[PDB]
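Okay, here we've got a single chain as structure tokens, the form deposited in one PDB entry, with questions on binding and movement later.
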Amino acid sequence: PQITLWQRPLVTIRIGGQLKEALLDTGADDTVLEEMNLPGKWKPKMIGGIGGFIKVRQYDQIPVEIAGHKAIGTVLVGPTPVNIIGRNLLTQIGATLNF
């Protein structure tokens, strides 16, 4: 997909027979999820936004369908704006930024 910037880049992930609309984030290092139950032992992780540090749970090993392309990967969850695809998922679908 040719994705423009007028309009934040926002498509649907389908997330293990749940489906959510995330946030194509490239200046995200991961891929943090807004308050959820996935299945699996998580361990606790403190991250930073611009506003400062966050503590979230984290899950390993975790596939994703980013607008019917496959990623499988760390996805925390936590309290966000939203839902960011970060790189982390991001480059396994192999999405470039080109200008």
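Positions refer to the first chain, counted from 1. Whichever C-alpha set is largest while still superposing within 1.5 Å between the two forms counts as the rigid core. Compared with the form deposited in another entry:
With the two forms fitted on their core, the C-alpha shifts between these two forms stay under 2 Å for all of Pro39, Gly68, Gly51, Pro44 except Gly51.
Same protein, different state: after the form deposited in one PDB entry, show the form deposited in another entry.
Just this one chain is shown here; partners and other molecules are left out.
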């Protein structure tokens, strides 16, 4: 793809049966998706946000299919308002910022 930023980079992603969209976001270090039912061992990690501390839970080698590319990344699942796909999975579908 080639995405332009006239309007929030919302791309739809598939993660385990499950589809949904979230922002491609070079802001963030971490990918964080809304409460979903992933399988495996998970650690609990504390993320911040207006008020602050939110406990999401960290899944670890979770595949993600991002607007047709596959990738393996540590996804944090939890009470997030918006889906976000950090630099962490950015890196992997091999996104670059240009101009």
